[PDB]
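Only one chain is shown below, in structure tokens, and it's the form deposited in one PDB entry.
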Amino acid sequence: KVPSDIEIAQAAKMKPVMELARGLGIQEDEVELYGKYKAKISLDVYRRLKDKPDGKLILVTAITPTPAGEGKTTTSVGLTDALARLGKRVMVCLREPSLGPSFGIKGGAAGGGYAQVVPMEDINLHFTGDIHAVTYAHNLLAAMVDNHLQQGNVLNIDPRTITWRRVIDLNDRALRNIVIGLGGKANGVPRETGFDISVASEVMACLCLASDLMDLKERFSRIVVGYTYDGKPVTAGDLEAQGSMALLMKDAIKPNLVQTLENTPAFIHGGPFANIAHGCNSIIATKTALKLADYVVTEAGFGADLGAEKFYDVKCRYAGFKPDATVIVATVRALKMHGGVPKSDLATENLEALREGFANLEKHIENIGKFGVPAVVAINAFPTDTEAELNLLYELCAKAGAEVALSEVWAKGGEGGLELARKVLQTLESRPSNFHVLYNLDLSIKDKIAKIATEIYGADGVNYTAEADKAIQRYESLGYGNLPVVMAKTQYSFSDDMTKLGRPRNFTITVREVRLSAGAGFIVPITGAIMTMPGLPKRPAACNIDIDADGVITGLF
């Protein structure tokens, strides 16, 4: 039956977004069209609706990711569509993908099968230009740092201490480690630096956490770019770059209105990393959506150990949100992997490995409970699952105190989400959340790291390299010790060992390096090497991509 994803998206019948906007009560003068199927919405909408009550907030997350796949964004869109079919006034908020993966391995739908947000091609490529804005704001700041050095280095920056790198939204490993400023005294100051992928930009994290354009500007001014020869921090504010950065971002600060295949309205805005940042879409989008709709579905990157924790402990903390429910997406195949089944043997029924791997899901369920939010499990249907596997999984979920629903939104769209949506609505009606963040900001950096590691990951404790120790001590000294902590860890395990699937016990986390994102406003302890600039593969999708005289595009998906 089910066609390909880009085939689905082509056949979609989209409504002009201006109709969707007026439907939400957005005014014609608050809408800036980019063609008829995308628009940017003014932050005036939030402002004039500021005192209206917020709708219900539903976070979508998942179990620990595996080679088998779990179907998270599909579930988000699918849930949204199901709620809409049930007559609810609902929006979904999602992240904008990086352009780079399209030319490497991907791209793919924002969702999958009959649960997508569209127009798909635009979303994956330039979209409404937000990532270009991020790239240029970021690179303007770098240009200004370098120029400052060139013009006599009045601030007395030690160039060898500059932490502000450059960015580009392509997978280019050759830009990871470079030396710039060569050619003699007319051409700058020789120095060691490199590029990260644009979506890894602190500027991106800033956008996603800012309340408005003036807040974004303030955050920009606090960005630490390096140190003086005496060891004092130097900021973007010190270089007077924040006004120009803000200006470059004056349209990017607006969320982008688009829609599902079933024409349910959707915002796509921002898209940070989920290891060195918090892996959520913008506060601006979510807060606007909550005034416009009675129900808002959003998601966070990686498993619930990373994305959900940071959704709660960073985004919600800054925004004042109080999530009402949380859906945890899981699959039979993924859980079997967590119970030791290799990828090649996942179709074979194995109730014992499913029982064992469920320990992964159980721990995520427990963890969501620690923030005082009620949890509902969404089981992404797959053709090879047996009834016996599914029934065991349902019984294990009920034993764990969680509602569970089979989701077939991939194949059946919103119709496939009705059971999940109803379980969510029953949860919202009978188990009000009692949301609270996991940790108080006035704890020490180590105390905060240990709360997260021991309570969420199940680690025994946390070890530190000498370099991590010195970094922590300096940041505490410079006055950055009361910030949130953003753990950069493998997503593939509760531990910092990617080979420890399931629910590992008797392990310790090792923090090797600690970095500062002073603009986004958090500390970033790092457990293993983090790939801030992925590379292209032997055979990049770019080689197979074409477009013909009729504008038909092959090789993209």
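In this text, rigid core is short for the largest set of C-alphas that superpose within 1.5 Å between two forms. Residue numbers count along the first chain shown, from 1. Compared with the form deposited in another entry:
- Residue shifts between the two forms, rigid core superposed: of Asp172, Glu362, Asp447, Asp238, the only C-alpha displaced by 2 Å or more belongs to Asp172.
- Once you line up the core between the two forms, the Cα of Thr264 stays within less than 2 Å of where it was.
- In a rigid-core overlay of the protein, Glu429 has its C-alpha displaced by under 2 Å between the two forms.
- Taking the rigid core as fixed, one finds a CA shift for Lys88 smaller than 2 Å between the two forms.
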The other form holds:
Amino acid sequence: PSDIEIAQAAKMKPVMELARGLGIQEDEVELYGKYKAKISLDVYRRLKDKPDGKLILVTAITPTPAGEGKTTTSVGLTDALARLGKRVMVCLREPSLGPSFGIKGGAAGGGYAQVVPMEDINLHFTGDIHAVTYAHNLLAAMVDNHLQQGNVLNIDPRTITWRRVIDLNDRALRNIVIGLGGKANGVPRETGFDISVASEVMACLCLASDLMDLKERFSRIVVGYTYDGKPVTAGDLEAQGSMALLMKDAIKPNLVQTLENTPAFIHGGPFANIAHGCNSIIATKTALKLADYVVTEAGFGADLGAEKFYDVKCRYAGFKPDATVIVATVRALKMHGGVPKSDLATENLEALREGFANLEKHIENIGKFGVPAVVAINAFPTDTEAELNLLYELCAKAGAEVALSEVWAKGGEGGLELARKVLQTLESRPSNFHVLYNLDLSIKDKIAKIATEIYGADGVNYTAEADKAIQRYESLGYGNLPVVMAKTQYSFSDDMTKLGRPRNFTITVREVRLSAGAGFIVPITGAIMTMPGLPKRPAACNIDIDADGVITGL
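Now that we've seen the form deposited in one PDB entry, could you pull up the form deposited in another entry?
Partners and other molecules omitted; one chain follows.
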């Protein structure tokens, strides 16, 4: 039964009620209708010295374009725990608007494991991405006005790294020339747009602890350089105050719920292939005051999202994840064993056997961070009973804790086996969380650490552009920043072609960006683009709404 059919038929508690059931007081809630709200940052502030609940991360194997089921699983696990009577919350990322009209669709879950109101969540929600987009683009506009008004600071406009942003898959704005028409109309220069969720401004939102912090980070954002190579910042242009203003509400996290009325925060939405892939620190640390157990997702596979959750988010938050759930699927493991994407509804026992190496490696990789894993087998409607025991069997045989999850088709009661297993590991195998690398290393050493330890490459190559940039950033004193790698989600390699556990290969960084405001560095690898495109048949064509109800949203 279609995801929007059942999302629209849902039966929701007023969120003011859920809020109150969490120790949040009426005047700390700001409603966006009965079913959505924003929680004050005073909640976390007044509880600063109270103990945390347990932190549970969900990550996954290397996906197909439709995705496996982190979100779908995160929601379900949360519903299952609520059904064992636990005081639990999910933290998730706000879905990017753009992909609802292209390809992979929304990010509110699936079947009976969803967050709702789904169509709000997937579209405009509470206006957060819009606030990111306007602060980002206001800065750009100010940069461009500056050039026009005599270029007082002597910016070399051919070095401006600050791009524009919009929350759509618009490939035609990747590379553009701007400022044309003559002397009344700006200064010609080459730029383009990224998708808003990849904005550094969203990164700042996701790492900041409150408005004034966000304002200070904004002011350290570097937009470009003078003709003599001195950096020029958003604070040099006095933009941070306006930028902060535009984020005045977006800083607060959003409360919705699951289909079974369990509470859920949704806040910040960076992708994990081209950004840091986590929800806001603010959401997650607030939730940890409010619930005994907090489930949260990192984007794409564990080589990307899980790695950056540990090495960036946890680092900057002081978080100590207690357990980690790895989502695996028969569909995907078969793909990693040879089966084409068009033949996956077919049984193939060997292609799951030789596809397993993929998961083998993700488990290995999680183990390196010292937090105990449980595998979740997200049973797809087509997966045969035989394929399903083999995977169970392979996970046990590898030593790993496992559980089948029928959360998609059955909701929270599809996730009891799994929920017990997570509870089992919280109670019986404590976590020993530590980062992969220290901050005092070179940029190139940190990159090589991730390259070799996680993706399993032999080493890393640099274009001259990249080398020039790394020099620049260490010499300017940003050498201590952590690394958010941009790379394809479809492989451990930077070649989207290398399925499974590719061996004897090299990653090539072509471009290096600096996020001095969010406080990390972004080495861009392979051919990954920072603005995605629409397909031949965009979801949009099938999308509609009548005197009430909507179709084509997924």
